[PDB]
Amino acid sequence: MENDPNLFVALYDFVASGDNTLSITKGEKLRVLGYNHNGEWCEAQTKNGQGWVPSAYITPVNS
């Protein structure tokens, strides 16, 4: 299916540290809204809130 280009899935569990990082779970869908300047951190929205998550733990859904 054709998904939103900013729809990502988590590759691993990530537990927030600590202020305005967002906690995520392996296989969870996320919507990425923004990047830091080199794209290694993502401002993401999930079923549980908004905040920062590492690119290394997520991947876009589309291919």
Second form
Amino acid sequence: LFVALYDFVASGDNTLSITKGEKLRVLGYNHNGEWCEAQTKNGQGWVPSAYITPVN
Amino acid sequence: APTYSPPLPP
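Moving from the form deposited without its partner chain, what structure would you give for the form deposited with its partner chain bound?
Starting with the chain above, the whole complex follows.
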């Protein structure tokens, strides 16, 4: 369980828009850890790893 | 995942 730190607008290509404060579930990471595949109420897709952090 | 890097945190 994670929370978004900053807004991120999807740039297509299976990225996912997220808003500061939203909760996410993390499925995994790409090969260099820069991208994170996450699930929110809005769907599923890749977000910047640095834009989220664990919560609770 | 995208082949390009994500934006840096603000």
